[PDB]
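Just one chain is shown here, as structure tokens, and it is the form deposited in one PDB entry.
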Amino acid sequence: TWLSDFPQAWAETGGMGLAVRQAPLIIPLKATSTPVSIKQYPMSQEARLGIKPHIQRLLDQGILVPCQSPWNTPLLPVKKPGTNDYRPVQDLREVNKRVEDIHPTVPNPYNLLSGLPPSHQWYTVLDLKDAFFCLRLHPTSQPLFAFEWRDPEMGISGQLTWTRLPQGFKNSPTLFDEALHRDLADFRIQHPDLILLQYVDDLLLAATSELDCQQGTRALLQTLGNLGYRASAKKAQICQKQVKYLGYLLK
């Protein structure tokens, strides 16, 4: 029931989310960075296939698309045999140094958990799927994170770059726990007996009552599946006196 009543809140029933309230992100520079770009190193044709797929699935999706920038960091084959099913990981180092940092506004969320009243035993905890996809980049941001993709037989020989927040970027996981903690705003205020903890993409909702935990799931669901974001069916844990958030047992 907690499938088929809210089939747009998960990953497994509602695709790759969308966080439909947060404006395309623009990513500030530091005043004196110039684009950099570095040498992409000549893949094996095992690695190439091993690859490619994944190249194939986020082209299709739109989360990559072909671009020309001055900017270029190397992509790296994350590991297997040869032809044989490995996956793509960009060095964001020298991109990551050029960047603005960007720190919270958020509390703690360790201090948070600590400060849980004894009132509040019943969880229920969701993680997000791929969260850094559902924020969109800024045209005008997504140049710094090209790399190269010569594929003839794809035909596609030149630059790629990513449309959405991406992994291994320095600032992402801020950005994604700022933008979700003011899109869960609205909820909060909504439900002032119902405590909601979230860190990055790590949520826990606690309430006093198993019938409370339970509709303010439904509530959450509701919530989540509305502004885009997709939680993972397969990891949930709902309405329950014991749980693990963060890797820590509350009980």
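Numbering follows the first chain given and starts at 1. Between two forms, the rigid core is the largest collection of C-alphas that superpose within 1.5 Å. First, how it differs from the form deposited in another entry.
- Only one candidate in 96, 140, 108, 167 has its Cα displaced by 2 Å or more between these two forms after core superposition: 108.
- When the rigid core is held fixed, the Cα atom of residue 61 travels less than 2 angstroms between these two forms.
- With the core held fixed, residue 34 shows a CA shift below 2 Å between these two forms.
- After superposing the rigid core, the Cα of residue 222 is displaced by less than 2 Å between these two forms.
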Second form
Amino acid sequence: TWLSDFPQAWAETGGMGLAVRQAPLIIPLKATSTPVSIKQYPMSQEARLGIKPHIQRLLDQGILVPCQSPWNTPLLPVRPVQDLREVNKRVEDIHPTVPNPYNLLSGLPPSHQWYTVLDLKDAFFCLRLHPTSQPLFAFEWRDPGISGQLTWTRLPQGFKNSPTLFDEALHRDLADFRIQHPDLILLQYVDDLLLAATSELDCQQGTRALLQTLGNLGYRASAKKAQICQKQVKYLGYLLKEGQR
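What would you give as the form deposited in another entry, now that the form deposited in one PDB entry is on the page?
What comes next is one chain alone, with no partners or other molecules.
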């Protein structure tokens, strides 16, 4: 199967990801910015107990570490969601290089109608965060047993530049693959990937190369939602069918 031939490429079998080729990211602040520290709002014991295993897994994986930071933003109960809006306001903007899905799909020619669709799991966490920038994203945590600050050692969710920074990182890591397979079409939308070939055979071995490449580089795709070598797929809210849409 596709699962057994490529255990490092699937999130279910390959372990949490780490883009080994990508240096830890530095997050430049606006010249005006000084740290913002927002008090954590209280939460029910149920919410805290629901958050706990997620925090604990991230701690065990080293994705969260203890810190002491002049920054602090609230965690909210919804699994954990961090309100980083006041950090986002203080981070310098970067040029938006991610194409909108419409333009991205315009690069899909009729000649390639065999599709594989993959979504990368915990994509942002594959990218490391430079220690100088880790204090920006600190929050307060108490196990449901004393309170302390934690922050992220990887690119975090809710950070405004995470999608663009990830898209640019993966483009660098898949550049060679594109060279080694000039007859394949590869669409990247952050963590959503579409591979297209003219034939099922080319799609089969092209998907083999892509999965091997992704796992080697330290990315992990969802085997659950993978659509592999199919004439009909869903991608970015579109149904791709008979060369349409």
